[PDB]
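Given as structure tokens, the chain that follows is alone and in the form deposited without the named molecule.
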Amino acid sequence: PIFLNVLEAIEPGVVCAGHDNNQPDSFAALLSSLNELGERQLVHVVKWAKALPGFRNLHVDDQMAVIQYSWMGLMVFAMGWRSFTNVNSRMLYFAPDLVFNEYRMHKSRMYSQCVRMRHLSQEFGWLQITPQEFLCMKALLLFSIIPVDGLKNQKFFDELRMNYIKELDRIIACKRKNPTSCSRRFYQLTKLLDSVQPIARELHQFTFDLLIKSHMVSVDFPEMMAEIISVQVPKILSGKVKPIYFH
């Protein structure tokens, strides 16, 4: 289980938002902490992605771009798993110090998106996603959104993605002799993985609008995150960069 030993070994630990929870909830503070949190997680997504088998093969420029494009989707997936294992989908476990109840979902003005992520969180339980299927699906998520104009070296990316899909195949085949059994499972996971994209899109849209009017709502965007949003998010929303759906 060399591949899975690696995925487990590099899985990031707990990341806290640094949110002041004894302060009454406000849009400005919740979002400022979500932005800070988002940034704190990116630091781990980068160290995590670079330690992934074969990731180093990608061209240095594709590595960064791929991490940036899939940044939202990867967080969504990991947050839903956290919400499932930690609180049973009762709330959204963004971080230990940033747990969202419906009231917070509403105040953040990302209610539609939150309810969708809560549903994703319930899927982990309904589908009985094992900790290993989770790890392999998350890795595959990093290789699921590319530029229509192509990466600097599109071929290496294609090979890499195909190998991650093959690993998922193995995890599914592990303890499933019936081919029909493996098929139904692949269908379910690929379907669950696609469902992450529409959520990421809505979150991307929300983040884009929020940045443009950041100054009017007193939200504080980290210097690094603002730059990445202004350069990368529009490519996604305008259709230049698109996610790879299975279905």
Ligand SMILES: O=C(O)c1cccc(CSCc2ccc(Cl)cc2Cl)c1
Second form
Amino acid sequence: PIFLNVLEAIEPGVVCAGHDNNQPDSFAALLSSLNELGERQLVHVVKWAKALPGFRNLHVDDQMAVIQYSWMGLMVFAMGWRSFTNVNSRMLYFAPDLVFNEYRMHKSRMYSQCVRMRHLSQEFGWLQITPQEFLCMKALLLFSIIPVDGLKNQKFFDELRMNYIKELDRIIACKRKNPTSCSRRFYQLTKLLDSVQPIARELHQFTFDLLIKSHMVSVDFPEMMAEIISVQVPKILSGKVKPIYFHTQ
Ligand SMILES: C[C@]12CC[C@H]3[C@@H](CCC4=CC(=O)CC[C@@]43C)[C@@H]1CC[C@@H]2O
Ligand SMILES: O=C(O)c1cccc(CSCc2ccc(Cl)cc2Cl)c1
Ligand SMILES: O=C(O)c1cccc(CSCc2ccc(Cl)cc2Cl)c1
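Here we have the form deposited without the named molecule; I need the corresponding form deposited with the named molecule bound.
All chains and molecules follow, beginning with the one already shown.
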């Protein structure tokens, strides 16, 4: 089971937000912390993507590209998994030092999005996602958003992505026999993967808006997040980069 040994080996540990929970909950302080958390998770995402099977087959510019388009979806999905395993999805477990309860949801001014993330989180429970299904789904999220005109080497990207689809099909299928089941299950996992995208997009709009007005509102964006949110998020927002959906929406 080489493919899973690797996914299971390179999975990131806990990342702390650095939030001072002694501060009173405020928009400026909650969002600044979520932003630092994002900066910190990006270092780990980069290191993890580059250790994935087949990832350095991609053109070097394409490597930076797929990471910079898909981090939001990756991080949302993983946070939903954390939330699911650490607090049965009752709260959003951004990090051990930044757990959102209902008060933090309203104060962050992202109540509706948080609610949608909580929903995502509860699906892991509703569908009984195994840890192997989770790891393979999250790997496939690295490959689920690309420019409409293609990458530098799109042919490589297509092959890699096809392979990651087959690995997920394999993880479902090391277990079952009479194949209504395997067929139903693949359908649920692809539907769940698709559902990450509309949420990632709401958060794209949100953080963009907020970067634009950050000075007026005392929210800090660190270097990389400011750069990625000014340079790559708008390509998504302007429709020049789009998610790859399994089913028509
Ligand atoms: C992008 C963002 C900072 C980073 C947040 C993001 C919401 C989802 C999220 C979950 C994580 O586990 C890491 C941080 C991130 C990626 C936030 C929405 C508004 C804020 O600007
Ligand atoms: O280097 C970083 O920490 C960073 C920060 C934000 C976004 C990305 C995407 S780069 C992924 C990558 C691909 C190829 C090479 Cl040579 C080198 C790299 Cl770092 C990387
Ligand atoms: O072990 C695996 O499952 C695995 C998973 C993903 C990718 C790869 C290697 S694919 C990388 C690749 C890139 C371009 C082309 Cl044309 C052809 C290929 Cl085979 C192997």
